[PDB]
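Below sits a lone chain in structure tokens, taken as the form solved without ligand 3AT.
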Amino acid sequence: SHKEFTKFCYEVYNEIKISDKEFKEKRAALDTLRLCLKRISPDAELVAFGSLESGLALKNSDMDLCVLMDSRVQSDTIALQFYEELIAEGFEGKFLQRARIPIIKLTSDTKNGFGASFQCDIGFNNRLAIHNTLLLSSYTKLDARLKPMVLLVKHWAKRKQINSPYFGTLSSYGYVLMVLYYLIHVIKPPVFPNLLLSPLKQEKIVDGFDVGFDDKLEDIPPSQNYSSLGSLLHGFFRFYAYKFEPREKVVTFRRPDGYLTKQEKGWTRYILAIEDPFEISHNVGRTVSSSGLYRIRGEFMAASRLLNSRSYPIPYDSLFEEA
């Protein structure tokens, strides 16, 4: 059935999703950040990526931005100039550079009214993250069940303390990929086609990687999977609880059947392996430790057991209780 669980899912979804109010405030912040950039480099463009751009944002969302500019202009000079403008305008944060890659991390706004803990990361020519986001945005448009499913999974992972890439567990983006992999390559009939593997897909090379996918969404037939959101979620928890084999297999968007061994990849950290769909040399699960994977799997199992419980009423609330 999952009738009651589905009703519960939409209730939680409406409480955890970003409000129209906060979204418009984030849009206003972006606009002011663009003004600051304009004063520094009229040719540069400031674009948003990640959760806010894909529509997969929870309340109190962080902001991810990328400055696009002529690749012959050195990014550290404009980054520093942009950073110094932002400080002058009352933002607080840090300027840093990992290897060749400059980053601005803003952590407050003391004047412009976007909050004392306004959080915004600014990259420079991070074109791949823009493309990653375009893919996720396209899936979010293709089926209305994706958005609440993703938000609920993110909320679950946060509550269970398994959404901490610095402490041996998995990024939110990792969980999004786990959801998409399930919906494309596991569930039958599929909720989604694989857009990278479409016969209509046109190669597009960006920073050495093929970011091409079929984005002509209007011609794509609607799903023939009619599962409720509650049922989708239960299948998801079950697959990663009992069926997926993290020791051997890679979550992948590059095989027609979704099948890829860690051995073929040479991904023998590789404790949990999730091949980024465009940047295929990147394991999104590289933050996951042995103990971290144990808890992740344990929580997948506990979620599955809850939804499979025959002790009525099922305490669905415990799904989002702090572990």
The other form holds:
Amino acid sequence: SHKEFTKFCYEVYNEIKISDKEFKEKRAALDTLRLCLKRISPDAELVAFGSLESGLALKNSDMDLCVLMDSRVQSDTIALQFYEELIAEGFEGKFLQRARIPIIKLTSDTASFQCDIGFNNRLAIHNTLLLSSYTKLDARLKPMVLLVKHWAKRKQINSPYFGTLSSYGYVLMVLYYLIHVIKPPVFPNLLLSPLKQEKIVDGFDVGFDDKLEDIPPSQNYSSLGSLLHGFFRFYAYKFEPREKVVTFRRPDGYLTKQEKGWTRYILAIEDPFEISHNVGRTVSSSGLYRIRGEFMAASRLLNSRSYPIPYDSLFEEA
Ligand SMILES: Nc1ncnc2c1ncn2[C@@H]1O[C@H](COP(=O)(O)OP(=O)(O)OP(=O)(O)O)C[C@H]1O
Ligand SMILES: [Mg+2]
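Condition change, the form solved without ligand 3AT to the form solved in complex with ligand 3AT:
Full complex below, order starting with the chain above.
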């Protein structure tokens, strides 16, 4: 059904997606950051990943960048040189190193410009390649993702530091639903494709079928509204968070926490490429309770027999 909800979903979609204005400003910011990188290292290369790159950006979007360079170069050395140029060129931020990983976090621009810079973070590039490819495979993914991220933020269930889930996690929960749950599938599993060639980067297989022009279109013709209602329905009522693991490495999407050795693991989502990383590791016990509760409320709302049926409340701050 869901005809007026679809129309509603597209209306909200258009108000929340990054404007061309902002996209173009972010892209100018990246060009500026590249010239600073040139000035101190000619061979190093500054790449974008996540939201802006994959086209899943809300308004007021943060920026995820990665410096690529020769692995035989010490990454802290050029990281500090790059940091020193950024201060000098007028950006404000922090230089930190977590374990062996040097990071630059920019916060302003002498209001707020917010942008992270990783060094040789080759795996994030691939994570974004996968999601970029899926975005190009079916036009319904992008608005679906943006609405789910919008909903998660309004429900205070999108805070990794406070026991809930990252946006990337929610994206994977969407993809997982569209690949291994909905029937017919909205997408195939590009990682398990017969056509997939292996590609090892930093010890993980990041290969997937990227011959995108060869794939038959989805045989699922559900409106954006049905998909969304399906998605909320599945995580509210059907998915089992204590036993099961969100995965992209099984043909049938079945994976138990025990096989994986994942008895923190209150919510378990196996990264598609870094399969040793639980994307939902930040999820606390109280976090998960609020996440499920919101999933259920979303379902209850979209079932509602009332008139007027208040779809707006889907995005009211909980
Ligand atoms: N929890 C995580 N574990 C491993 N990698 C992550 C995690 N969160 C983010 N990343 C990496 O950074 C990329 C996107 O990060 P993130 O900002 O959470 O999502 P997003 O697409 O930017 O949504 P936003 O609009 O930024 O909230 C994807 C992945 O390579
Ligand atoms: Mg981001």
